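Quick heads-up: it's one chain on its own, the form deposited in one PDB entry, in C-alpha cells.
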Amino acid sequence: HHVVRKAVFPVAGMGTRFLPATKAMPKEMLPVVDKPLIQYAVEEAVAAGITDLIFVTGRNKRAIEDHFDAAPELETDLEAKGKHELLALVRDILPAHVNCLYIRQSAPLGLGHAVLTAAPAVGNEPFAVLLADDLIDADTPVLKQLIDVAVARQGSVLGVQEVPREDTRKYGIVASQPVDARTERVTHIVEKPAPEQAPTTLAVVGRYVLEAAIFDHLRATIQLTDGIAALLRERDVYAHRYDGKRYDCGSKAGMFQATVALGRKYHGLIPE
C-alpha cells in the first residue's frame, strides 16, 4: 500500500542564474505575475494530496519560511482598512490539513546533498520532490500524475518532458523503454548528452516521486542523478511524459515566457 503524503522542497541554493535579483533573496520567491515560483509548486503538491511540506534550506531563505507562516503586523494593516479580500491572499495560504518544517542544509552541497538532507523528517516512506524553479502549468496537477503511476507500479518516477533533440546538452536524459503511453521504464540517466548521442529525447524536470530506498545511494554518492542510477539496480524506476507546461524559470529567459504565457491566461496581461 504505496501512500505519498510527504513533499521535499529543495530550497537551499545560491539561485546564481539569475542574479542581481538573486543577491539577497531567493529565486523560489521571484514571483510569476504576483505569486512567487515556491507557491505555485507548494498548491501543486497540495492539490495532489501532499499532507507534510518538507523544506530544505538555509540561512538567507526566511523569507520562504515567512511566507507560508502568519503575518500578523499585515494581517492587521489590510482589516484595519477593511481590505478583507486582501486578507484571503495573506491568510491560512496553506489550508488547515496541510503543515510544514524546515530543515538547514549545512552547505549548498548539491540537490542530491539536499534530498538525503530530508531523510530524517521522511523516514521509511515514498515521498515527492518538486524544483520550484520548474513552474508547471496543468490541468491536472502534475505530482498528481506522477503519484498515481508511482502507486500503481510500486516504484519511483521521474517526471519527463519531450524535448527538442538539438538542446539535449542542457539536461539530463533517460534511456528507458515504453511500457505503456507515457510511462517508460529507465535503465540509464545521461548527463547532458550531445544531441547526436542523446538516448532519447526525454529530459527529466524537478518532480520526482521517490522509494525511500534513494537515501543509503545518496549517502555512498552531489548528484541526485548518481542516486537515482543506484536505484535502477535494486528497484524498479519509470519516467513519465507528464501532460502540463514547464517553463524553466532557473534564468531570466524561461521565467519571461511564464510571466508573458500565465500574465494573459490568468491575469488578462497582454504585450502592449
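Residue numbers count along the first chain shown, from 1. Heads up, when I say rigid core I mean the largest set of C-alphas that superpose within 1.5 Å between the two forms. Compared with the form deposited in another entry:
For the residue set 192, 188, 182, 104, core-aligned C-alpha shifts between the two forms reach 2 angstroms or more at a single site, 192. The rigid-core alignment places the CA of residue 78 2 Å or more apart between the two forms.
Core-superposed comparison between the two forms: the C-alpha position of residue 168 differs by no less than 2 Å.
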Contents of the next structure:
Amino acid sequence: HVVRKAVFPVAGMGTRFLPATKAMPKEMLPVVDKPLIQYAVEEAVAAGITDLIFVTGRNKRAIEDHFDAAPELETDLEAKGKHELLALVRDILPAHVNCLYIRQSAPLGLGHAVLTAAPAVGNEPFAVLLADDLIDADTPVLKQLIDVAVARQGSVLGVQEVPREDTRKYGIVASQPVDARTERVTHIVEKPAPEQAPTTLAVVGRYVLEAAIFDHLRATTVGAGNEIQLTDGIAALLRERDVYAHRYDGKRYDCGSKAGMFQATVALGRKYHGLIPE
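Let me have the form deposited in another entry next, following on from the form deposited in one PDB entry.
A single chain, with no partners or molecules, comes next.
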C-alpha cells in the first residue's frame, strides 16, 4: 500500500473571489507571498508525493506557468547576485517531482474532477488535496493521512468538528471511533442542512483514496447543488470498502471564502513574516 501520486482539483469557477479570479483560479490566490496551491503542493511533496496531477479549467496556464520552470527568470536572477531568491524559485518544485495537466470538460462537480484524473493515476491509491483548505501543521497533514491508510488498508479523509450551522458547507461523516483520532465512516452526506446533518464532523479537503473510487464515480449522479459530488462517490465506495476519518493534527483555514483568507493572511503573516496589524 503505497501513495506517490496526488490530485489537485483547480478547475472550479471561483466566483466568490471576482474580480480577483478573472484571470486565475482561486487556488492561485496568494497568502502573503505564496499561492494557496503551492502550500498544498509543499505538503504533498513533504508527504512523499512524486507525481502531481492538476485538473484545470479556466486560466489553465496560470497553474502551469507557476510550476513549470522559467529560465528567463532563473538566468536573470542568477545574474544580479540574487542567489537567495533563485533557490527560492527552485524550492518551488524539487527536481524529482513530475507535474502533469489534465483538462476537465466542464465544472460538473468535485467528483467529476477526480474522475478526470483516472487515466493518470491508473490503478493505485492516490491523494486529493483541495488547496482552498490551507492547513498549517507541524507534520504534513497528508503524511498523517497516508500513515492511516497503510495501517488500516483503506481510504482516509481528513476531518474536523465544525459548527452545526455550517454543515451546508461540508460533507458530513457519520462514524464510529477506532482510536482517539480515527473513526470508520459508515455514512457521508454532502452539505446537509444543519437540522439533518447526522454529526458535526466534516470533511476537509485532504483525501487518500483507493483506486476503487473511480468506478463509483462513473456511476455517480448529481447531488448537492446539482453537482457530481466526490462525497457521493465515497458513499458508494463505502458499501464495498473501508473508509476512515482522521482528526489530523493541524490548523485549517477556509480560504475558499474571503473571511478565512483574511484570517489566513493575518495569522500566517505574523507566524512566518512578523506582520502585526497596525
